[PDB]
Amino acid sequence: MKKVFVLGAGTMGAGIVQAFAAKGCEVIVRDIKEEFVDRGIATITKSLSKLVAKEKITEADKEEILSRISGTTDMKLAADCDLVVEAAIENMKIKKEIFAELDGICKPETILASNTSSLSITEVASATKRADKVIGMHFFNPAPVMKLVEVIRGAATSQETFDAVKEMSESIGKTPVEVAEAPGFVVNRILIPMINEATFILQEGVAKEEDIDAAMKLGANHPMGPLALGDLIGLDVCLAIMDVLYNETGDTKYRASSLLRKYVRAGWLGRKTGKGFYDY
């Protein structure tokens, strides 16, 4: 593969763009308004020169990265990409429309991947005439740094598509891992209920915030506590995944705490709002 189309210039999207571009790929990023497109190319530029500002790479690098990246608000520029990675809104009806469009636009070889945290690759695939070519390719924030890629096979995803996405992952310096589509895949299915369990502990008067977090840091050697991790992931993203696990499985085991819900309702979403489990 040489060329990649990335939908969404949000923070995941922008990270995905940088992860591909930084490793020699051509990347066209597409969003709904060029203010959005511009914001992302900015995010990356910032990102890169923070790196130059630690000798990690050079300006010759920084510039050759950025030359690999174009922006657009027009879906039609996906036509010739060898890969598409969709990092757009976590909404199935929309995703289905997006993928139906890419299917009409892209050359028959283009592989269409979602970065969806939660949602059905299979169902998305079914909106297309190339189910064998649709797959999940799931990165973790910040995508330039986190080395894991979950490669999620839908029911109809072929051995060849899997192999290609697996190879692509390797060539951009990540470690791919095979997942048969199921709710939450592997990482979030394990990780998010951990955070939710911390909010039950808090709700129930068992321990206060800083104690809960020190407990997992010093008691299990976790790099962050679950409440802080929450604030980093975004509490709305946390909530949404718990609601998807619960809804998919029908299993109350995955019920989100009322407390997590209250916080999301209050707009105390974490770092990005200045307030989550902690005041920032």
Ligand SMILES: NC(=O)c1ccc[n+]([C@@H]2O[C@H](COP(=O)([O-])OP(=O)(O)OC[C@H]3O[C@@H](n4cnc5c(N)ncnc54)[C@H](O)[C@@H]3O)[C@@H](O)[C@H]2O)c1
Given for the second form:
2 protein chains.
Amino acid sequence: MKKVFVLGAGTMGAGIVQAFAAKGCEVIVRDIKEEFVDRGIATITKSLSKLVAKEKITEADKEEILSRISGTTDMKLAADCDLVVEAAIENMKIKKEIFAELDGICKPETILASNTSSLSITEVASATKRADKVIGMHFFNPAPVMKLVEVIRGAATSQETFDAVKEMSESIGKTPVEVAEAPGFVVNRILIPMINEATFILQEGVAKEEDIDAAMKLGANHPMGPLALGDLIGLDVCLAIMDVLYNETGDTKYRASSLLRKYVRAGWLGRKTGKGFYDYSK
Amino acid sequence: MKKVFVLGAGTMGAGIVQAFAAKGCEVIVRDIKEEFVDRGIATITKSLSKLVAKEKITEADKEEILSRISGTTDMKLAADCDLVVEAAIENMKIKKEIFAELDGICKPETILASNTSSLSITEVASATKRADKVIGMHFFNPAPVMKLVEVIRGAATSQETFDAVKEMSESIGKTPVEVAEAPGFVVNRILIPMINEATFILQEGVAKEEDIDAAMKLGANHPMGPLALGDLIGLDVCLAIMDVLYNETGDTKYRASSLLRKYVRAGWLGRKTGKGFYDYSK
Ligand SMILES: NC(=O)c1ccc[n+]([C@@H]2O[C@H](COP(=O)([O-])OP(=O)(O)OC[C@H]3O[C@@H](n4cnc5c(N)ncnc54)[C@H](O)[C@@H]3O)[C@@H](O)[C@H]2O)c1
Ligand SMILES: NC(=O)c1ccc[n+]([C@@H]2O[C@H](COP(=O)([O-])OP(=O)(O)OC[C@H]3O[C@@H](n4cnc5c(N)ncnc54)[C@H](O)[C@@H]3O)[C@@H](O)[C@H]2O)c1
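May I ask for the structure of the form deposited with ligand NAD bound now, the form solved without ligand NAD having been displayed?
Shown next: the complete complex, the earlier chain at its head.
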């Protein structure tokens, strides 16, 4: 599978597109308006320049990756691609429309994959007549660098479809891991409550921000502490993920701290608002 | 603090002996049998050679260090020490008696600190009449190398004992962090439940061992995955800590999985037994 259709062209779409293109795939990327696609492309172009300045790749590799990527708003261009990776907005109604339409359009061979962090693949695939070829392909930000893809098997995802997505992932130099679908998969299910735990510690006056983080970094060799990491993932995202784990499981274990909900209601979302657990400046 | 008494010639107490001595403190290490003390002094000795091999230090340094360390099995030898660091077995009734004993032996100014991961500094302090001078000094294995020390204030630990242990942590080149005593402090309170969650992920069929650990390594940039890390800490230790956190809080969030109890009951404790989540060799 060398021809890849990617829907959406924000952070993860752009990153995913680059990931596929950088290892020689032909990639079409589809967004809604035309300035979105352009942005997605300029995003990727800025990222590759950062790789050239690092002397990680040549200016020629950059032009070549770019040469492998095309923009469109036409969903019909999906019809002859080997893999679709949907990385549009995290809304179930819409993902179900996208996947239905994609079911109509694409040849019967095409595998259809979502990059959703928090929505059920099984539920998405149920909107199609291709459940055996719907699958989750959950990448990690920034997708061109991070080597993991959680490969999320829905209830009806075939062995054959999993094996194909696995080889496809290795073919672009990523390490796929098989996941029977469950909330939070593996990574977010471990990582996020670890961040929520650091909010509880703080809320219960056990220790202060800088200390909680130094402790995780020096005591556990984590490259960044949990609170900084929350500020970096976004506190709204952290909060939404603890809510999904809690609503899906009914398990009081995944209850978010009151302090986290308050920071999100203040708009203290982290870096991207210049304030979360830490105050930031440009 | 010129002079340090350490209880325990085991893994940690040997490591803590080394951490102090190697920065020029005198140290008296006390265990309950000579064999043990000997074992301990050999361990510092072989660890100091290793440094020597890589020209981290020369022989004169090594033996200069070794000359600062004396062994004993008599508690009464703590009478002139400036700081005690108790790293004996994790058992309340024993710690209480040690600390009662130390309170009788030591000059009024000596600070009594414990390296306990899971017992209340405050309860230990109440077995003495010098609660203001009792504190936890929680090091990380290997104590020579790992920089962090969680400094754990009991309810009655004074500002001046805190300030003193802080300066002393720094003076041996460690980074102290202030902790108001609560179960699991900071590090283990985040880290251990993370390993327990991975055991839950495994028990519920979500994904297999190696995949869980590649996920956390490649998806979150953690230096090791949590299952391997559990095997390294010892699953008996993971379980005990989840059990303290659960009995101390009454919160079901910290309930250990059944898979964890089962592995512990099989003797599959980790590397130390040659088998935990993974099978090991030599
Ligand atoms: N760090 C992360 O953002 C991250 C990591 C892993 C997974 N995810 C998941 O990836 C998905 C996308 O997240 P993102 O961060 O790129 O969001 P984003 O908001 O930055 O980008 C979403 C893009 O999808 C486009 N879009 C909306 N409706 C569309 C449609 N019908 N067709 C084509 N494009 C459409 C939008 O125009 C937008 O450009 C979500 O499912 C999210 O849960 C995100
Ligand atoms: N990784 C770790 O081992 C680790 C890390 C952080 C904290 N701790 C804590 O530090 C303490 C020691 O654990 P360890 O791993 O070194 O155990 P260990 O079994 O390696 O050594 C404990 C030593 O204490 C000795 N001992 C028992 N009763 C004693 C007494 N009354 N006086 C003097 N010595 C006595 C034993 O002879 C033994 O050699 C525990 O409280 C534990 O929770 C351990």
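Positions refer to the first chain, counted from 1. Definition used throughout: the rigid core is the maximal C-alpha set that superposes within 1.5 Å between two forms.
Trainee: Could the core-superposed CA displacement of residue 7 between these two forms be given in angstrom, to one decimal?
Mentor: Residue 7 is displaced by 1.4 Å at its C-alpha.
Trainee: Could you state, for a rigid core superposition, the Cα shift of residue 191 between these two forms in Å?
Mentor: Comparing between these two forms after core fitting, residue 191 shifts 0.5 Å at its C-alpha.
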